[PDB]
Amino acid sequence: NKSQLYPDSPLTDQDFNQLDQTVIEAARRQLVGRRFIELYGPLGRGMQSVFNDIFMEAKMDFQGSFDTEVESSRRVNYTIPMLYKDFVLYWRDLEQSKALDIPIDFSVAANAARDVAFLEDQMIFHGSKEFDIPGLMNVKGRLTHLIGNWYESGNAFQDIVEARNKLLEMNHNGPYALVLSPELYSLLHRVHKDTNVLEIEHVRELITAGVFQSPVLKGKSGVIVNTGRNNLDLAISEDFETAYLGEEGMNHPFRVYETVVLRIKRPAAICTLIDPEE
Amino acid sequence: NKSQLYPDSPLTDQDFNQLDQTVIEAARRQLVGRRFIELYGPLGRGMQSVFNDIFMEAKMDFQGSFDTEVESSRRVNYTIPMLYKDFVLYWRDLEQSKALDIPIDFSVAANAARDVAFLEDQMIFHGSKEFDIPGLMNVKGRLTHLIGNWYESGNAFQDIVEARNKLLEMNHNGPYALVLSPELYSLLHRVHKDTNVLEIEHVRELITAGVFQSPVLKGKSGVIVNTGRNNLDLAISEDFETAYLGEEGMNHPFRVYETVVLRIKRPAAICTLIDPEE
Amino acid sequence: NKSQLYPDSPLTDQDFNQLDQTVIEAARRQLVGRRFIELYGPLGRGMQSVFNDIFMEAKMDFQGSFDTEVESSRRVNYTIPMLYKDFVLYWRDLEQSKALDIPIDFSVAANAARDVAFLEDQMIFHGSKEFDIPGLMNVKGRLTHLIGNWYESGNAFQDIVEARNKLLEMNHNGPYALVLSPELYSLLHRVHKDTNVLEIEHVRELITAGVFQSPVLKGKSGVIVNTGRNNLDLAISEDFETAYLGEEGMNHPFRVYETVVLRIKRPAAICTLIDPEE
Amino acid sequence: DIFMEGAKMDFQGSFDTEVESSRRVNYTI
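If you're matching them up, the sequences are chains A, B, C and D in order. In terms of my numbering, the first sequence has 212 at position 212, counting the first letter as 1, and numbering is strictly consecutive. In terms of my numbering, the second sequence has 271 at position 271, counting the first letter as 1, and numbering is strictly consecutive. In terms of my numbering, the third sequence has 209 at position 209, counting the first letter as 1, and numbering is strictly consecutive. In terms of my numbering, the fourth sequence has 23 at position 23, counting the first letter as 1, and numbering is strictly consecutive.
Chain A extracted, bound-state conformation:
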């Protein structure tokens, strides 16, 4: 139990569960990337690094042959980073709660739970320079496309179908997911005079896996990603966890931490709509 692991803690075993529920519920509503990407299983504390194999660039007969096929692995090694945030709890109110038997207040944790998720999203989208891990935007062989002038009606659909054709020509036919900037989201959901076309019902049919809005993307940009286990995956060593730092003064400081990493096996899947040249 948590109580035996952490002595000298005013909080009890029941209160630890209530704290954990608040933390996970706060994280759930603000975790965006998890929706269209699967998860690797919890590896444990045994390893600090993982291996990634990059792949870049059937017969019908009565009796089978004896041949076999292989490709270029190009194995690489990646380390697992750590993220954290901390908060503090005052005394002289916890004592009052204990005396009056009323439940304790844990509103503070949500503020850190949101920020850690925001940092994780930024790391996934743009990558880390310290550990030189690649990101979706800066990955090699991303098959860029150019778009412009989304104001007038009917321009967005042509660009979408053009990107889909480029994805198809490389023998990648499957469900697609779309992520767009908040500014482009408003232009998509817009009222056009003399035409009165919603302009999203047509688009929703083809994509079939969802269009999402992310605040990390600052300017006008968008990504179209094929969804599959083979193309990409995400590996977690340990999930959200809470620890008790010590006893300074008379108050109690706490910390929350998490570890995660991303692996991209086939770079050709991703397509990026570059910002307008102007």
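It is possible that some hints are incorrect.
Said to hold, decoys possible - Below are the EDC-like pairs computed for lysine to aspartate or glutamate, each with C-alpha atoms no more than 20 Å apart in a straight line:
#1 C:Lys220 - C:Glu152
#2 C:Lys220 - C:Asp275
#3 D:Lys8 - C:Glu152
#4 B:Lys218 - A:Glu162
#5 D:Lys8 - C:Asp121
What the hints contain is simulated information worked out from the structure, not anything from laboratory work.
Fit chains B, C and D to the supplied structure of chain A, relying on the hints for placement.
For chains B, C and D alone, kept in the frame of chain A given last:
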């Protein structure tokens, strides 16, 4: 069990189930043709061939008569083919997984599971020349129709109703299913200026069994098929199965295989929209 | 233990023991680097990577102070390589020997043992390019020194004294080990002028450890290294081992393998003597 | 046997073996 059948295999009985689940789940999302065609039961390993009878071209009274009716069978014989694909698993990582007690990775199988399904779809749509089995596109008495100029609004509905009338005149009244090329799919789901008509809500009412998109069809083409047990069926000798080839070097090679065939009893059901003459 | 790992191997337990003894005996003579370098204990198959800390290069007062001061470690990661070699046998000769009651011959394995030992020594001395593992003569801050003519006047003693002086100034003392090319090793037997003893006897007094020659060094060159743990170490994963591959035709193939890596913590414990012409 | 003619280092491993020319001959005592 699989373990007794295949000795000298590092994988265990539990891992065989996990492999099978991944293979079947990968096949499920990419198997298209199964939706509008029923399945014959698993025959077994006793037979390698089937017989097909081709049919081409009630009384109300107080007491029944003694008459009977028959038709032309024209029995023919068809053999069952085989399809397969293979993959490899490295060592020195399986040992690490066993030592650390973490679960094993089986991502490779999905790549072959997709390709075998693609080959099966191609065989169903176009047929095989080695065994001279017919296909939907090249079957005799297919009641072709001609279409053109789907760009301007309102042309597609007229062609659809014309094909439906031809199907009806031959005493075939039932649910219909439609399969179209990806290019025609985009033209159907298009935004038309000054008219703002979705143009698919009207069509969806009549078809009543579904409009689908298949990547096998290269150019502009489409098929309308009446759905019934009598008209067509598909016979399976054995479903997706996995086997262990042997022990070369120090790694482990595996194979996946399947057998299937198609029978068309009444050719008149199918209607084909031929590509534009130009 | 044997005949359980390889049930299909024609060789019996006693023959396998003889084969293993013959394999190890050849390598025992050839191995030279392990004489003055320690070894990390076998880690098993769990780990494929290791972490090394490089150190490139107080507080006298009364009771008190509340602070901690640490120094940087420059953490880095490494990957363990694999080396292998193989040999083949025959069946008719084994049958003839069994019929005539003559002991079997295993001469071929000696060549493989010699070849793998000659590669392990070269990897230790010069390093591996693919994994970017530094060698003894390639580490930065190696404290080089330059030599002169050794044919006459007995300048070898002065060169050794000057080389030891730099380590003494840099505060590295204790046991030293000197490795030099055979050409320089031969010349040390010349008489020392005005003393009439051999200069090797004088040099041994300063060295206080074994002086040996290695064929890996080609030109006139030498290295003197301070010998102790926490300066350099060798980590082994698997020792020399022999495996029997799957039989093909009627013959039987075998292979040998082992895995080892090297780490250097303090680059300043080494000195390299360089010829001016080289 | 007259051969009349180096170790390998790899990460994943190898799928093939290596051989040499036996050139067998017979001698009498």
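So which of the earlier hints does this model not fit?
-> Hint check: 3 fails alone, others pass.
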